[PDB]
Amino acid sequence: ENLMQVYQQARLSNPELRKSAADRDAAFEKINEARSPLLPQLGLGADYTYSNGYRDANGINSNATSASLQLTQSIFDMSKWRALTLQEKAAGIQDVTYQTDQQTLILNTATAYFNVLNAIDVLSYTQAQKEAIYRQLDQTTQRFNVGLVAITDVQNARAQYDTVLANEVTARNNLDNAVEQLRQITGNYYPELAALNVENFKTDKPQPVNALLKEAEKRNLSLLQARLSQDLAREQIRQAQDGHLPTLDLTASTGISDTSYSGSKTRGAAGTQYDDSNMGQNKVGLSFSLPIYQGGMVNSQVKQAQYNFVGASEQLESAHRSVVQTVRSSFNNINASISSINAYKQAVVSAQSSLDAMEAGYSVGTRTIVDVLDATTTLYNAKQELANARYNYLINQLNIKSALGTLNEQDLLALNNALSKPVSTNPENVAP
Amino acid sequence: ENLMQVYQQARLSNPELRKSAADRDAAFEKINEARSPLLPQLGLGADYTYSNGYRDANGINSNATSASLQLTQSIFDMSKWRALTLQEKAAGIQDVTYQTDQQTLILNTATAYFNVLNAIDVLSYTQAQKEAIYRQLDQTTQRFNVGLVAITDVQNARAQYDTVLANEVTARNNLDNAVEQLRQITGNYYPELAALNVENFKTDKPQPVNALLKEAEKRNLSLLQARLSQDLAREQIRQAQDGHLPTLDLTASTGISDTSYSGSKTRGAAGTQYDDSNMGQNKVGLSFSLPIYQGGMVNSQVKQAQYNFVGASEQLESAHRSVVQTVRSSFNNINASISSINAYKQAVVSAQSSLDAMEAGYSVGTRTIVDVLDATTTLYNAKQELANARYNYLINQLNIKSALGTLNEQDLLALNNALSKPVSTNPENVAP
Amino acid sequence: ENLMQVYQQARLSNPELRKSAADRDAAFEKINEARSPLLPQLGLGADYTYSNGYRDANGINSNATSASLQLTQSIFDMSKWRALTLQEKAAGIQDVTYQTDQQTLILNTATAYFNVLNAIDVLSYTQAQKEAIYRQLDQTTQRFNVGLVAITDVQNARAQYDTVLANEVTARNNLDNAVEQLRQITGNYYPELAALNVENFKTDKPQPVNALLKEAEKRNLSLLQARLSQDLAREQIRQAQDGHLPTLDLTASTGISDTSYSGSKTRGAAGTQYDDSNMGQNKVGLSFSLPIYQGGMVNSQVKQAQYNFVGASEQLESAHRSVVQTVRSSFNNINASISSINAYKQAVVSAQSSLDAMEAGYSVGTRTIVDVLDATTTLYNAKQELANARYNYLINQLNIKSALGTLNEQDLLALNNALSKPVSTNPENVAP
Amino acid sequence: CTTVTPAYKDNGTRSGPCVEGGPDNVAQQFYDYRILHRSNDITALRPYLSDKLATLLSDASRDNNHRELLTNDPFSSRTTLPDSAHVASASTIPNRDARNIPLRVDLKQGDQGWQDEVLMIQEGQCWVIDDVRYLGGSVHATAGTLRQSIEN
Amino acid sequence: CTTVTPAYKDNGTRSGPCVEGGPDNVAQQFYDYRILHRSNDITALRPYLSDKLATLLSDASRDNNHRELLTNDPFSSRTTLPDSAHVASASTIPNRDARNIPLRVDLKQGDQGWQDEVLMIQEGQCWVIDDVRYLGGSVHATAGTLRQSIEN
Amino acid sequence: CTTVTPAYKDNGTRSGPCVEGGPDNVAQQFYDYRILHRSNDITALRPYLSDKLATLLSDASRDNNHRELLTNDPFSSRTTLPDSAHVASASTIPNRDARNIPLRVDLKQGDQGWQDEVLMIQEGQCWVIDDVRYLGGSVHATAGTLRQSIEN
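Chains as they are written, first to last, in the entry's author numbering: chain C2, 23 to 454; chain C3, 23 to 454; chain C1, 23 to 454; chain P3, 19 to 170; chain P1, 19 to 170; chain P2, 19 to 170.
Only chain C2 is shown next, with the shape it has when bound in the complex:
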């Protein structure tokens, strides 16, 4: 399983990107939610009431049942439109956040894959060290048996062997934890992963840092999010200033009312004012309002909105400075990694030469088995360091691409050309 299939699986079964998608969908639906009040509002209502008179209105009882259908619609109210614009801007910032989570998901899965590979290499090196140390301990034991050293040498050799065993257990558990983390990030257990192809891996100098800044100025996600936040702050200032404006609405109502009267006074000489009445009304009206001085209220809120705008501007400037920081540091990291790669390659060459010399000496007869075993251990350590440096270089390239705000699956496509030979991840198959 190369990086491509791993990332393809991690795109679907990843229970933290789905949260961002749900948040984006909720923000999008809030646009319709905020647009709902602008639409006409109608409702039906029933009301049954009984009243009993007393004191001057002694012996008077009334019963009124009413059914009213109401329909109201605003004609001029800028606040609803301003809220709709605010919701649109919130949806935009949520979309930017979702893009950020996509990028960090790509970075995380790449990091996990390379960590698993490094754990495999470390385990192999530790197994070689274990073989060498066990042979050294057996040498010391034989020397004591025929008699050439004190018992303290045997004790020291046994202590070294036990320390090596503990290190081997630690490395095995580290590999297991790396595999578990990969499973958690992908929701699947991977028994075999593609390793690195040394021949096809060619380090390349990056483009000038100036061009990186130029692209990151107009391409970075954090800067765009801060700009959208500042725009939202401006819209909030406009909404706060909107309070000085008048409002206008139109109401319509269809009402059916039935009123009946009873009591001692009703059975009198009222005649026309005390009767059962069946009213039907079709009311249409226009309501206009215009608030005037309310203490501070709107003025204080406008001042608060201006202060929030100043804060948003400061946030935007700080975000730009942080972006410049991240781009420059990421650019320097690649050059540091290239220098480290060259140094570790030279170290590997020197270790291989030393191992070859030790092998020749042992074959001729001037060396023992423990010497060539120690040389192999040193060579394996150097190889592990070089492989870790290569993986760090790949991760640093991905880091530059992400901090520039352009990370996608094309970078993974470019990286996948260097993964050729598969290798198992089970400790028993890697090292029984």
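Simulated from the structure, these hints should not be mistaken for laboratory data. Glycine included, each C-beta is placed from N, C-alpha and C at the ideal position. Be careful, since some hints might not be right.
[As the list claims (entries may be wrong)] A few chain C3 residues facing chain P3, derived, Cβ under 8 Å: (1) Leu61; (2) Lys236; (3) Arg241; (4) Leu243; (5) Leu246; (6) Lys325; (7) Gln328; (8) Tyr329; (9) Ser335.
[Claimed, not checked] Cut-off 30 Å, straight-line C-alpha distance, at most; resulting in silico cross-link-like pairs (DSSO-like, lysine-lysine): (10) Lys227 (chain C1) - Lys367 (chain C1); (11) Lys27 (chain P1) - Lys240 (chain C3); (12) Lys240 (chain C2) - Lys423 (chain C2); (13) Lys240 (chain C3) - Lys102 (chain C2); (14) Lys405 (chain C1) - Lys367 (chain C1); (15) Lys111 (chain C1) - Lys41 (chain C1); (16) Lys423 (chain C2) - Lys405 (chain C2); (17) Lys405 (chain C2) - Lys152 (chain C1); (18) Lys152 (chain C1) - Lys102 (chain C2); (19) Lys305 (chain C2) - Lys287 (chain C1); (20) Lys240 (chain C1) - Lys70 (chain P2).
Assemble chains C3, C1, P3, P1 and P2 onto chain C2, guided by the hints.
Positioned in the frame of chain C2, the structure of chains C3, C1, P3, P1 and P2 alone reads:
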């Protein structure tokens, strides 16, 4: 003062768990406020108003006073019941958080105790190293005084002595900081704590990781909190869809009104229609309302609730994956600790053998005093490392128990069987 | 530029403190918004409504146009005063937070300056090490050329040279990062900074820890913020209990109405009951409301406020304990820094003596150039360590003042008496 | 009115047959099929497992290692079969960006209940049983979920 | 109506006699005793101190080192007894899950004030005084609070 | 009514003359001068650069390295001048605790637009245009912003 007494005192005076208890009690008490709207609501109101006519009704004035007692009570409104159930679920999740706080308090106090013990051991080792380095410096000074070595060796020895003095000061300050941290976590200064016993201490293999996962899946606190959050999300969905439902309420009132008319036109040919009125009205009725199309509104709220439920489900899945990974990591860490314990035991055995050989050589006459002093320093270092490994093993057992979610004072009681010998923690006492 | 000038420039343009200042200003201005409801209110409203009768009221149509100017003002309502007090306390805590931000900005800029100086020293030492290692490689290559060592020694020397080259590249990148971090925290790139003076710098004993605690318990900003938060919680209790009090207000109005009636029923013998009305009313009156039993309502809110107050008290106690622990840790850190300074001074003396010995031996003719080069490398390493320790001690002397809660620019001025000589910070200028 | 655009675009690669739809609906249909019969075979349960559970349980049957577990009831905590099932209510699922939906199905035996849990996965255009976490005391055998019980 | 179950179940182990209760009430009673009785002795103040402030004061008196601090006043920042006292007001305490309650006591001398700070703890079923943090300018002696003053 | 107290005390250190006021107003006046005069000289824009852009541009012109950068245009992402400009709207600035105010300006050439970004700083008691971050496709030359472009 063993671990049991320290923890018992910590459960009383710890200004972090009591805050959690206060939050839990407030969340539980909010249930009454949530249920309050379902209860009958009665109020009283007094009004006095003077009105002055104009234009057509020029010179007509009215003075009215009214005292009203109004009671209202809902009949069918499922929203309040939904809110009450939501409050109950919130109280449940708050209680779960309180349990988590209890567990982390237990873990923290155990960690602080073992840190204090480790600081004591490190200080003892550093004091031994200081003595050895001072004797080495005295030897070098004597050698230069009679004349056997250059001045560079003397300067280097003085530098080493100054370095070991600085290390001793650092270790003393570290011990003081550990004691102060224990005091902060318990609110009481402790001058003596129980140390570790080597005979009673034992290492047992844990249960298989499968049973650990089985217990954790049904007993972990975080998973229960996530499941309760999902239930709350579903209840929120239902209470949001509740908005389609109608509403019905009952109202009763008792009103006493006194009105008078005067000013000019009243004292005219009206005679009867302009007179003081003393009204008493016991109005009782019912009101039913059924809302109709309000734009998106309810539909948008329902969609947002569904998206929130999806997000809660994603949270639950992520929590389950994290719990599984944590259990696996703890189960591997305990094995790593066992291996480290064995390695350090063998190392201390070898160091003791080396010290015995050096002591025998000194007694015979083939060794000096600096050699046996260095051997003692190495043995002390090995002993300190072994003690730190033992404390790490105990902490790992507590950690896996916490990951299972079954952590309480019984585990501390089990741990307390290994602590027998008390030792003081005063920096001056251990290091004069 | 010395520390004083850097801080003076940073105080103006630093896009992190401006956000705090803007938020403080918004909190201060919110007092007017809180007080506005207590001030008198006035409003205007015009409404034109057409009513169409039906059923019993058939052939009856009405047109009513009304314009009302209403002025309302409360008299006795303690809720507004409670809200005003709450807002004032919020402004106070915000100002305290702003002061804390000022202190942390001072600490951050000082730390960045000392980091840049440390990076310069590290780069110089690394350059010296590179020169020494290159000379070692040349020696080995010459020995192999005439023929004295195997090829393995040449390969090992080349590996060491590549390693030191990578280290030099990493050190240069670290210096660049430190310089650009200073630019980010100050908004301007600094090409030259004042270095440290060996003779002017003197190590001073700190005041007794008891006096530190005495001043900190009354000057620390976190404690003041916690106490003010407790006061806010008490005021919240009072405003929640305020629900047991009645309300009183006065209203006045001026309403002008024009009502006309038409329709078949009106066009008859109504005579007096259907006439065009031009009405005007100057309505003035009072309104008093005394709520009674509402279910839980007030009692549950009061109980929740009590629980919140208990939590606030717990927070205050925790803050006090943390402050005490921090003060003790800072004092111990100062003492440890003094001891480390002495140790590193002795180490520098020893390294200088060794270098002089090597130089004298080379002059006599018993040493090679590479030996004195290695001695120079060791001396440079010792000097860099001593300078880093001095910077750490100065940073600790600032940290103790920050913990005590009295940091300001006078401490920076006092520190500035030691920064006398200047030095460029360009990587090429320091090491081409 | 406007709509909501999905964040994802494929969410597919389905091989076996699928039921009509509905997470709670497919869970209920699966439990009714289990109770109506008395076989609990994995060959005839292919529509309810997407591509992982079917092959994993086939391999578990083939290796002849979990025979005692496989015979009784892989899919339930109790070694016998439940008498009735009732999953938690779910009010549909908007759009296609929703996977790994945990549902706590409630199982009712003769005066006993365990209330296990299952997982919903989309894998194309249907809903698929997954995991089954054995949310009950005194589980049948092995431990944890079904996947953690059969995985080597 | 429903009730709230307390989270804790012991909150006890009290040794000395306890006064009726009430944090502000207990502080008022103690300071009224201080104003009315001009003795300040620790022998008659046992019911107010919690469980070990009295023991700490007795040990300090027996140590014969902090005589100057004990003689003038241990319980206030000022070396003289106050003229009036007004402690912070607490509107009772629900249940029993509340400890370490700090109160800012305002002690007024002749046109003077320092706003000292004290602590109160439960320690059983009562309300007892603790710490006294000397939150005021011109501290009497030593430094910090009383406890840090006599601690070792 | 109350009035807030400004957080800062001086916020000064201004050398050259300052325009009347208004950040958006200052930017609009700058762009109006840009369209009105087709020379893009830096000697006539002295009261529009605060304290460092003036000397930085003078150095960049004196060392004869960014001649091609300066001759075309230093204040936009295109070599040629725009046809019209419309800066972002800022509703005044309370007190004086406000610097580093970024604004996005929509500059419209012949059926074209780039929406560049600029900074406003106080630098005393005025408002000064600064930086210009070259936001838009098909940038003029070099890279980054103007300050990063002409820095050494």
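Right, here's what the structure says about each hint:
no. : hint                                  : in the structure
1   : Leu61                                 : 29 Å, violated
2   : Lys236                                : 4 Å, holds
3   : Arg241                                : 10 Å, violated
4   : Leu243                                : 15 Å, violated
5   : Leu246                                : 11 Å, violated
6   : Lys325                                : 6 Å, holds
7   : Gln328                                : 5 Å, holds
8   : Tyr329                                : 7 Å, holds
9   : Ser335                                : 5 Å, holds
10  : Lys227 (chain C1) - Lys367 (chain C1) : 17 Å, holds
11  : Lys27 (chain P1) - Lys240 (chain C3)  : 27 Å, holds
12  : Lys240 (chain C2) - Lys423 (chain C2) : 14 Å, holds
13  : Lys240 (chain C3) - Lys102 (chain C2) : 48 Å, violated
14  : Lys405 (chain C1) - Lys367 (chain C1) : 9 Å, holds
15  : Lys111 (chain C1) - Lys41 (chain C1)  : 20 Å, holds
16  : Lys423 (chain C2) - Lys405 (chain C2) : 27 Å, holds
17  : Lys405 (chain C2) - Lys152 (chain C1) : 25 Å, holds
18  : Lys152 (chain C1) - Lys102 (chain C2) : 69 Å, violated
19  : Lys305 (chain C2) - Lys287 (chain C1) : 18 Å, holds
20  : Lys240 (chain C1) - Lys70 (chain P2)  : 44 Å, violated
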